[PDB]
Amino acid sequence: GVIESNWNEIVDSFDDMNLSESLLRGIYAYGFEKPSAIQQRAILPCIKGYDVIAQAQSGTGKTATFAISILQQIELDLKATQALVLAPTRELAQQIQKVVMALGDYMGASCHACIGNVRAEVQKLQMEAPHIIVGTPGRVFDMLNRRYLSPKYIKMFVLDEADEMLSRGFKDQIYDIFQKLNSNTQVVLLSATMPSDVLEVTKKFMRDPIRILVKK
């Protein structure tokens, strides 16, 4: 489905995004060069704290867009979970974790994956509360529900591939997680398609959002 863009800024260089020096070092050590259209448009309003709706296809640079925005906002000495990322699958959740960790490794920002027969992961969380959790909706709601994860400091909530998550039956978990977050929480939703039930999430959970369409 199709949204209309509404934001002004475009930034063609990661040098120009006001990133912390070691975040930038981390981005370049990883092998990113110049920002793609999504990164040029969306990184700055995400870091500014605005609700963002980004419609962009796969292969366009989304992961790095929110990985970078999230890492820039982290209060590094606040040993607490500060940002939550939802993905429709475990492999996509792990891939997101491996970008965030590889950039965060230059700043000392921690990131844990929260996925579905090993539940020793549900203990070990009791070294650090990680700064960033990435997970699938059932698993993340489980940890909120049973209080292994605290919503108290979560002040960034990212929904990657929102359409896929709805298609996979995750609307109750997502809404339940929404209800458990602080009313003040920044929401970033990314999706290739924007059908009405995706849009309804944006209507229930976002306020005066930034709208970015990257055309395929």
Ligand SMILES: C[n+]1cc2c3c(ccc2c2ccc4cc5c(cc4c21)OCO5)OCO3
Second form
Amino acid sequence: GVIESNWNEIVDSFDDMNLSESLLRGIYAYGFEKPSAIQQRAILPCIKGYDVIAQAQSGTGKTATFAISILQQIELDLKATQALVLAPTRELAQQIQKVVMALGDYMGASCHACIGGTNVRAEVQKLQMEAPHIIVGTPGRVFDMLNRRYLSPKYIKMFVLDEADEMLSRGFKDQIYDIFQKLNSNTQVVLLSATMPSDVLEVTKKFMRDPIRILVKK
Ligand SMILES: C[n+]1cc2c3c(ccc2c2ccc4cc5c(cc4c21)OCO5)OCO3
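Output the structure of the form deposited with the ligand bound; the preceding block shows the form solved without the ligand.
Everything in the complex follows now, all chains and molecules, and the chain you saw is the first one.
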């Protein structure tokens, strides 16, 4: 499916987005000059705390979009997890972790990937030590970390579902809904997907209030 935009305000410069100086320094150091189409439309509503549905393809700069929005909202001196990002695969979770860490390098933001597998015991030990500002992971592993009390939902105020169509195709619906039940019902939710079938749209109905809708056409 394809959504209908209800938001088409353009901010054509990162300098006009009221971002923190250290975050702006990270954006330019990453290689960005001018915001991409999705960045021009989605960063501002995301930072302002609205629920957002974004339909956008690969290669659009959509990863940096939600990473910038999360990093702008983090309270850096609160040593607790404040944002949770779900991805369908370990590779995308790791891609996101590295985007976030690069964009946040001048800020001292921390981001851990929760993916399990080869090095899972180092993953869980790092959590007992200090709670990272941002967690990104696949839904089964993240749900397990919440259920086992390694991750606290107490300070999680942002919840991002990236590649939502693929997450549902891979069988993660139950875990996504169980995660959402664990989080404060006052969490902002942002959902990004290249396609918007009925199953993805029901997540938005269930999790979001009157969301901003942004379509970046291919
Ligand atoms: C596909 N992409 C598009 C991007 C993009 C950007 C900025 C960065 C990325 C990016 C960064 C890391 C990546 C890492 C990846 C990847 C894809 C990307 C990737 O696939 C395998 O591992 O502005 C336009 O669109």
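Positions refer to the first chain, counted from 1. Only the largest set of C-alpha atoms that superpose within 1.5 Å between the two forms is called the rigid core.
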Worksheet item: In Å, how large is the C-alpha displacement of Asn8 between the two forms after the rigid core is aligned?
Response: 4.1
